[PDB]
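Engineer: Sequences and hints are given; from them, build the entire structure.
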Amino acid sequence: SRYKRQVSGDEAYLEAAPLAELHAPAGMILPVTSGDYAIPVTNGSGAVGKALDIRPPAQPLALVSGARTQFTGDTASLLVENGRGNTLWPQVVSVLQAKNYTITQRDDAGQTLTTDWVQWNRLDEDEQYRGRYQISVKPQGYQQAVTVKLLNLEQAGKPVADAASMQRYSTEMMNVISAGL
Amino acid sequence: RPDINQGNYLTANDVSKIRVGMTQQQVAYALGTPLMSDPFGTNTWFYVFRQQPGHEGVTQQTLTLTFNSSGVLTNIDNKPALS
Amino acid sequence: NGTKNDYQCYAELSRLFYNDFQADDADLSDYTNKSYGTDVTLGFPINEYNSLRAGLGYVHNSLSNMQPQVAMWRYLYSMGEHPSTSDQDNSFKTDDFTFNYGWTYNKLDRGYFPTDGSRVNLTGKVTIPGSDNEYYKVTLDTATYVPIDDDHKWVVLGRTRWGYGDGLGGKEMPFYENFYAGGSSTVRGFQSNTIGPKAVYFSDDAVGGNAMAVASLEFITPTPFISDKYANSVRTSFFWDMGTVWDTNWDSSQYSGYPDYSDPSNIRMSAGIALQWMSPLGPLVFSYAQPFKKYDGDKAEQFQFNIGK
Amino acid sequence: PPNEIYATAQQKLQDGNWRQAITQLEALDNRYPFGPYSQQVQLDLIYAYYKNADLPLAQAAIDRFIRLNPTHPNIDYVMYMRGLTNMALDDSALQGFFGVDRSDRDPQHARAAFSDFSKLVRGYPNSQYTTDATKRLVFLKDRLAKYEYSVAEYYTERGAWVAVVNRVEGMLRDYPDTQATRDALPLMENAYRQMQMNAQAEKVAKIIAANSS
Amino acid sequence: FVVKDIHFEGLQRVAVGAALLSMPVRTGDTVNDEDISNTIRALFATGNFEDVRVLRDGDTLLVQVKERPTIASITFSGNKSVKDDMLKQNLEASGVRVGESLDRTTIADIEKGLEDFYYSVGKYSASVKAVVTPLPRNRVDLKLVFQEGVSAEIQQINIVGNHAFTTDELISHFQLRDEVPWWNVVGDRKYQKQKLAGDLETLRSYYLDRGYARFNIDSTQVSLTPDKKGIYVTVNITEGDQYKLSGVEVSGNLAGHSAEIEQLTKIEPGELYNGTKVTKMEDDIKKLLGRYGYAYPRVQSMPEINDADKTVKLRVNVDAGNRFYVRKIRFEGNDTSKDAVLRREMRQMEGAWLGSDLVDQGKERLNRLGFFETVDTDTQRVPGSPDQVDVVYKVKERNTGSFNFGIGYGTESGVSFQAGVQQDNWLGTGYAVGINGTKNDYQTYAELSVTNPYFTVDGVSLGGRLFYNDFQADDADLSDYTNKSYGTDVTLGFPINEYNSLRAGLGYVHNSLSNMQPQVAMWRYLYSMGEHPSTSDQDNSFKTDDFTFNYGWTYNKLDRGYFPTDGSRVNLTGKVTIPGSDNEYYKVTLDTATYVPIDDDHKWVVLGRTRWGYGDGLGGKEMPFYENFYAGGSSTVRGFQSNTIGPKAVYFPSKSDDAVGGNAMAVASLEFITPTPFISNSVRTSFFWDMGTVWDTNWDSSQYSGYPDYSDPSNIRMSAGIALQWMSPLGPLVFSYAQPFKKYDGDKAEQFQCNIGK
Amino acid sequence: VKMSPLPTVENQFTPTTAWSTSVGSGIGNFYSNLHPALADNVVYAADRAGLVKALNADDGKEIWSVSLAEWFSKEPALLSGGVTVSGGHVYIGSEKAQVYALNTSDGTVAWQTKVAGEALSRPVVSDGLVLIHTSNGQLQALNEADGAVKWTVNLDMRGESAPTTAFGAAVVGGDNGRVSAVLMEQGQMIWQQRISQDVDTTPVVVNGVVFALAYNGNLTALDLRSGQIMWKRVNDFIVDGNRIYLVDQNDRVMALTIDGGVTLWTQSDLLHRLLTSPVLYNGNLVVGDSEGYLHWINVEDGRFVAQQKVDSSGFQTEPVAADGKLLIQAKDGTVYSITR
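Chains as they are written, first to last, in the numbering used here: chain X, 192 to 372; chain D, 333 to 415; chain A, 68 to 376; chain V, 26 to 238; chain F, 84 to 841; chain E, 14 to 353.
There could be a bad hint or two in this list.
What the hints assert, rightly or not - Once the Cα atoms are required to be at most 25 Å apart in a straight line, the calculated BS3-like pairs of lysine-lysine come out as:
| # | chain 1 | residue 1 | chain 2 | residue 2 |
| --- | --- | --- | --- | --- |
| 1 | F | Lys312 | E | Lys87 |
| 2 | F | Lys276 | F | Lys171 |
| 3 | F | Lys670 | F | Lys522 |
| 4 | A | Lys220 | V | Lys76 |
| 5 | F | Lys841 | A | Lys101 |
| 6 | F | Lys522 | A | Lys71 |
| 7 | V | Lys160 | A | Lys296 |
| 8 | F | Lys360 | F | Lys393 |
Unchecked claim - Distance ranges between label pairs, derived from CB positions:
| # | chain 1 | residue 1 | chain 2 | residue 2 | range |
| --- | --- | --- | --- | --- | --- |
| 9 | E | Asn229 | F | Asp168 | 31 to 37 Å |
| 10 | F | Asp440 | A | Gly375 | 32 to 38 Å |
| 11 | A | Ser81 | X | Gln310 | 55 to 61 Å |
| 12 | F | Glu231 | A | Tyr168 | 39 to 45 Å |
| 13 | V | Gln39 | X | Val223 | 47 to 53 Å |
By construction, these hints were calculated from the structure, which means they are not laboratory data.
Each residue gets a CB set at the ideal place from its N, CA and C atoms; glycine is no exception.
Structural biologist: Next comes the structure, spelled out in structure tokens:
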């Protein structure tokens with residue numbers, strides 16, 4: 192393992208000498224620059240070399256015909272054009288009850304529930320992820336929205352706050368239910 | 333040693349027909365664009381005519397044209413044959 | 068479509084094949100074999116892992132540099148052409164029309180360094196009445212790979228190979244196109260063609276025999292101390308080989324006082340290590356070898372290092 | 026039955042080998058072109074092309090995805106993947122084993138790579154891939170500079186002095202702060218001195234003396 | 084009508100949102116029938132639906148609809164003469180493609196459309212029938228049945244108005260046919276669109292170059308017999324008179340280049356108007372004005388016709404723009420060969436005036452190297468300047484370099500190793516390195532060659548080679564001995580012209596001979612210099628130290644480095660032994676390859692190859708035998724064995740048939756190169772006729788009478804046959820069938836060869 | 014889509030009359046209008062090579078054998094005009110842009126006039142002028158006597174079309190789906206009606222109406238001066254009273270009424286056999302086919318069929334019936350009389 196997430200090739204480019212710009216001699220102009228190739232520094236900081244994960248960002252998946260997947264923040268949103276909401280919420284419940292995840296709290300009235308830790312089994316990665324999720328059903332466009340929010344994410348004990356995973360494993364949960372439906 | 337050719341071609345008559353008070357567009361029109369300029373501070377058009385056929389040595393005329401700020405008043409400095 | 072080696076000019080056409088054979092430089096006993104023929108062969112897949120092919124062929128073979136030695140003049144000798152004794156340059160030539168058929172099996176996972184799947188080819192050849200020497204041979208080669216770890220980086224693999232030839236109708240097998248053993252893909256301890264009946268002039272040099280059996284077993288291990296980028300171009304395995312080849316024509320003891328080469332009991336077993344590295348200039352093969360049980364008048368290659376082929 | 030072929034292809038991408046995953050994804054894309062997951066299948070196919078290193082089809086898939094999807098949140102991935110593909114095509118050669126310097130060879134892949142990385146760093150400043158992009162850009166510029174210096178050095182050994190000063194001026198206008206231009210500067214000085222132009226030579230000498238080395 | 088709700092029925096692919104977006108009427112609107120009709124024909128105008136109904140439920144407005152069937156497959160059946168993918172390509176463009184839907188009103192139009200295509204390519208009997216198969220989930224598979232119509236012959240071509248040139252000669256110089264010969268079944272009685280324009284153009288050119296000033300085609304007719312079984316092409320032309328030529332005029336700004344223009348524009352008074360001569364003089368004046376920098380001129384040539392004298396004069400109006408200076412010469416393509424070697428081979432510098440032939444000499448020099456597959460020069464202009472141009476080159480690499488290296492070590496046997504490696508670009512640096520190594524058990528051959536074709540930048544090349552070889556004779560007891568030879572050579576070569584090379588160098592050669600059975604030739608060499616060995620007893624020895632000096636002259640002028648199609652090549656090398664040695668001789672040998680094409684495509688080329696070479700000793704010394712010349716085998720003269728031509732040795736007790744070679748060799752081959760219309764290059768098939776001759780110039784006939792007298796070279800060998808050459812990623816290979824029609828008793832013939840060659 | 018099998022022979026009257034002499038070397042695979050003509054006990058006939066044999070009406074006697082082919086001396090004239098005889102001249106047209114006028118007796122007098130293109134049309138005699146419709150959209154008019162007055166009308170721009178005459182006017186078809194009427198002195202009065210959306214669109218004028226077919230197959234009737242009263246439904250039709258008998262481009266034989274095109278009926282048992290023109294002969298319809306059979310058709314409703322193989326090549330030229338004889342020319346290049 193560990194290979195699938197890193198860029199191919201050496202990291203030698205990282206070592207490259209710092210661009211020092213030469214100071215002007217007395218009474219002589221240097222065409223400082225004309226063309227492109229100028230470089231803006233932002234200091235990041237993001238991962239560099241192998242450390243950077245290059246796995247394809249998970250996309251929220253809409254199995255149902257005419258279903259909208261939108262993702263923002265820690266929330267995966269699946270919109271589906273149906274009649275009533277109060278009946279789909281427990282279909283979701285049947286799916287998750289088939290998957291046997293642990294339910295810390297629940298609420299049929301608010302149609303929302305809070306799960307315990309969820310342990311994933313991905314081959315592409317070495318240290319498995321834990322997810323705490325709140326899952327809820329809220330109709331917004333007279334068609335309902337199944338929403339998944341990754342409350343707490345944990346990579347082998349240490350709580351993680353990197354961006355990609357938040358998506359990839361919010362979306363994991365999303366694709367789990369979507370598939371289930 | 334193959335024939336080395338360098339710079340832009342010049343003739344007596346074309347090098348004679350530039351005088352003080354000409355704009356940059358006419359001299360450029362009458363001699364072509366300068367292959368080398370001065371990128372340091374001033375602006376002077378260097379018209380070097382260097383050619384060196386094998387085992388014969390060099391003949392070179394250097395036409396250095398120094399402008400005003402606004403591309404008029406072409407001072408004409410001619411160094412005909414090198415030493 | 069055409070390959071010039073130290074052995075052959077093999078021109079292949081798309082089937083017109085002309086093959087030049089010169090064992091004067093090569094490890095077989097000295098003879099020259101220049102051959103031209105054309106065959107056409109219809110293959111038929113059955114299940115996208117197995118196929119057959121029927122083929123009719125014509126083959127001419129000509130031989131003009133026969134070093135005189137018995138157990139090759141016998142092939143001439145049954146044929147009617149009387150042999151000349153102790154002459155340098157003889158010449159005979161015959162045509163063979165030949166039907167060939169085979170079966171192949173593949174289930175290999177990838178193209179280089181397999182870790183799972185199978186491989187077999189099973190191929191045989193019978194001439195048609197209308198040729199002037201009828202004979203029978205049939206052969207199989209088979210490789211298979213089975214991992215023992217969940218990452219497919221510890222994998223035992225074995226291969227065995229089996230060859231048999233015969234002559235029916237009262238006529239015997241041509242001494243050319245005979246099986247050989249000993250090269251660096253049959254038993255990596257010996258020289259190229261060293262397992263076999265010996266040449267016997269009118270010496271230690273392996274002419275070959277009509278039946279062959281071979282089997283290898285090898286344990287692929289991961290390479291411990293390899294660089295970062297190079298993970299899958301560097302294979303390292305350990306292996307013990309054995310193989311045998313023996314003849315069927317000369318099993319009578321009419322030439323007494325010679326090992327007579329009809330007893331495959333001497334098994335010729337040799338264990339050593341292999342390292343097999345795809346480099347950006349070519350493939351490399353490297354064997355440290357020990358003839359763990361060897362047989363008299365045979366040649367050894369303890370350290371073999373080839374770049375190419 | 027696309028759901029099962031997709032589950033197979035995702036379990037073989039996460040766990041199994043590359044050739045099988047690429048084959049499965051291409052099959053799924055051919056069978057269902059306008060699928061519900063028609064984006065992520067092309068994404069995974071691109072990833073598989075890049076990792077298996079058949080490069081022409083990787084580039085063709087990148088360009089297809091860009092033409093068809095000009096607006097998507099994860100466009101940084103396809104942009105940095107085209108940059109990776111171009112740089113791999115540039116510096117994928119066997120001279121690395123021998124260790125002979127590879128600045129003289131044709132720089133056209135480096136040009137496109139630089140272009141793509143610059144576009145990336147301009148458009149999307151707060152993405153994950155900025156630091157590696159900046160490092161790649163700096164290395165590529167240093168390369169291109171050394172290439173220019175090489176050509177200048179050749180024309181110095183040949184002798185054609187106008188071409189020399191022209192190439193050094195181009196290098197100083199394009200790559201102002203890099204190691205190759207400093208080194209080259211004495212070549213420009215020499216070229217000026219060789220012809221009888223004793224005004225530019227003194228300026229070049231002053232600039233050299235200003236930046237000691 | 085108050086709409087409090089909108090409800091849908093029949094939606095499948097089209098989601099609620101798209102429909103709801105499409106409608107003018109909206110929830111909460113007060114609606115009349117007008118607003119419903121608009122809504123209906125609005126919904127219909129989205130391309131999504133087949134039939135639609137917008138009706139009023141109790142309070143709700145119900146939109147009923149059935150979506151168009153979704154294409155899942157497009158299959159093709161009977162389309163002999165059109166690619167499925169191309170046919171698909173047209174279809175996806177027109178509108179129909181997988182994933183989209185089918186307007187069931189347009190199948191007719193699809194059919195008629197494709198049918199229309201087929202009509203517009205000749206087959207008026209063409210019939211395309213679309214079968215539409217339904218599947219579940221409102222899916223559909225549309226199969227297009229294509230039936231080619233009965234072939235319609237192009238029965239005849241008619242030319243009305245001609246009076247001096249017959250019709251069948253113009254049809255023999257057309258491309259379209261009316262009567263194809265039954266013995267020539269290579270062409271068919273076909274009809275196309277661009278071929279008609281090509282025929283009109285070639286007829287106009289055939290009438291314009293014969294000397295006809297006024298000539299204009301009026302109209303062309305394409306008739307059809309009313310069953311789509313025949314096409315009639317009829318042109319109606321007219322011709323005025325046969326004219327003459329009087330004189331040329333020149334006018335314009337051309338910058339003093341007038342003498343050569345007046346010299347090349349001469350025309351004979353009494354010669355007539357020509358069609359291809361005017362455009363030839365115009366392309367010549369353009370190429371000449373381009374040979375000084377004026378790369379983009381403006382030259383137009385129109386004549387003013389005088390009808391009273393039946394003679395016309397023409398003027399050319401030259402307009403040469405200002406000079407063009409090269410600014411950047413970049414190279415694209417070179418992936419393993421460094422940038423320096425291409426700049427060294429470039430002859431057009433940077434920052435100078437553009438010489439359009441100085442830029443072509445560099446292209447020819449890059450082509451003649453042999454590293455590269457194809458080279459083309461393309462001239463590109465930067466738009467940021469009036470007169471400044473860039474020259475670019477596109478190269479495609481060609482790899483001919485092969486590692487075969489193998490070492491095999493034993494305890495109980497000597498170390499064996501096989502090594503073949505030669506390279507004409509090690510790492511693109513420009514060198515040539517080569518090593519060969521064989522040691523089976525008794526022979527041992529090893530040589531190392533490195534050379535550098537640019538040790539300076541002018542072209543002064545130096546290189547050297549080192550070789551050692553020896554073998555024990557006791558493997559085949561036929562005129563073989565114990566030979567031990569180690570030697571090193573250092574060669575320096577420089578060019579004195581842009582074509583001709585010269586090369587000098589020193590060399591140390593050490594030869595050791597032992598265990599040679601007596602035949603009279605080698606002893607004739609021993610009897611002059613050395614000892615008096617015992618006549619019937621073996622185990623004699625002889626060593627020699629040699630300090631050779633060698634000179635060479637080369638004339639290389641070809642187009643391509645490996646498959647040359649023009650020019651010729653001359654090679655002359657010769658070595659002399661300096662005083663301070665053991666034996667003293669001089670050898671002279673001369674290669675000559677001449678190529679001449681006959682056409683302007685450069686496909687059928689004649690190939691002449693000539694090889695001459697001569698040897699003699701100094702001052703009674705007698706030209707050591709082991710250095711002699713052998714002919715025979717492929718690539719020297721085909722249709723024999725290797726090294727079989729020449730004299731044959733005379734053993735002391737007294738005759739056998741081993742060939743030992745001679746002092747003086749003459750070989751010449753004539754080859755005709757023919758194409759091969761099956762391969763898409765690398766193949767080359769030729770017929771060859773070739774003569775070989777080797778003899779010995781010190782064979783006294785006062786001693787021997789029945790033994791064959793060799794010194795009179797009238798015993799010329801010959802051969803003929805077909806040769807096919809082909810290059811491999813292993814290397815250049817050649818195999819040839821040869822049948823020697825004139826041979827001599829003793830020539831060990833053979834009829835199939837295969838070796839490296841070249 | 015292919016050839017239809019032959020109707021049954023319920024023969025009520027058998028044709029067993031023929032006398033044949035070959036001419037020329039046939040027409041071959043070209044489409045042309047080479048059809049013999051009879052007047053005054055002499056039948057004249059031609060072939061592509063240029064042979065022109067005159068035969069007695071009874072048996073084929075009274076022969077003279079001219080050659081009209083002309084860097085070769087006797088280069089093949091490519092006769093494709095078809096033959097007309099009136100008042101003592103034979104008129105023939107060529108694809109080398111020549112009209113020949115040969116004297117009737119010996120064929121010695123041969124006077125020609127280069128015309129503007131292929132003269133693929135039947136020459137038409139009238140009023141002392143011979144009208145030629147040319148392949149490149151021209152109408153050219155030659156003198157009967159010497160060929161001096163050549164006035165020309167252009168037409169826009171596959172079918173040549175014969176002209177006809179009525180009370181001093183020429184009525185002419187055209188190659189652009191257009192029918193035009195030109196006054197045959199200089200074309201003074203000229204109108205032009207579009208009657209279309211190859212085919213010899215030759216009109217015949219009964220009761221001041223022009224009837225003309227079209228290559229897309231709508232038949233139109235126009236008033237001779239104006240052309241307003243119109244109904245709309247190789248073609249060659251005839252008039253013999255108040256009935257039209259026609260053969261369409263869909264090859265089905267069908268008779269129509271004279272007024273409006275009621276009373277259609279189909280006899281398509283000869284479908285796609287590539288029929289020639291029909292003729293009225295002895296109160297019955299006769300039609301030829303390409304595969305080499307003749308067919309006789311009754312007139313009441315078109316039911317009976319009398320089919321015989323007569324000539325091995327086939328028919329592609331118009332039969333002619335006058336003076337009690339029905340003469341037909343085959344692709345092989347012979348002649349046949351018929352009676353019944």
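Engineer: For every hint, state whether the structure bears it out.
Structural biologist: Hint-by-hint comparison with the structure:
For the hint pairing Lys312 of chain F with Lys87 of chain E, the CA-to-CA distance comes to about 30 Å; that exceeds 25 Å, so the pair is violated. For the hint linking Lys276 of chain F to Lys171 of chain F, the alpha-carbon distance of about 23 Å falls within 25 Å, and the restraint holds. Among the hinted pairs, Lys670 of chain F with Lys522 of chain F is inconsistent with the structure: their alpha-carbon atoms are about 30 Å apart, more than 25 Å. Pair hint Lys220 of chain A plus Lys76 of chain V holds up; C-alpha atoms about 19 Å apart against a cutoff of 25 Å.
Using a Cα cut-off of 25 Å, the hinted pair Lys841 of chain F and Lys101 of chain A holds, with the two alpha carbons roughly 23 Å apart. Distance check on the hinted pair: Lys522 of chain F and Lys71 of chain A sit about 19 Å apart at the alpha-carbon level, within 25 Å; holds. As the CA atoms of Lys160 of chain V and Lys296 of chain A are separated by approximately 20 Å, the hinted pair is consistent with the 25 Å bound. A hinted pair counts as satisfied when its Cα atoms are at most 25 Å apart, and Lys360 of chain F with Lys393 of chain F qualifies at roughly 19 Å.
For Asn229 of chain E and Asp168 of chain F, the Cβ-Cβ distance of about 35 Å falls inside the hinted range of 31 to 37 Å, so the restraint holds. In this structure the supplied range 32 to 38 Å is violated for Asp440 of chain F paired with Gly375 of chain A, their Cβ-Cβ distance being about 45 Å. Taking the beta carbon of each, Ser81 of chain A and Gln310 of chain X are about 57 Å apart, inside 55 to 61 Å as hinted. Under the hint 39 to 45 Å, the C-beta atoms of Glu231 of chain F and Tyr168 of chain A, about 40 Å apart, fit the expected range.
The supplied range of 47 to 53 Å is met by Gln39 of chain V and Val223 of chain X, whose beta-carbon atoms lie about 50 Å from each other.
Checked against the numbered hints given earlier, the structure breaks hints 1, 3, 10 and satisfies all the rest.
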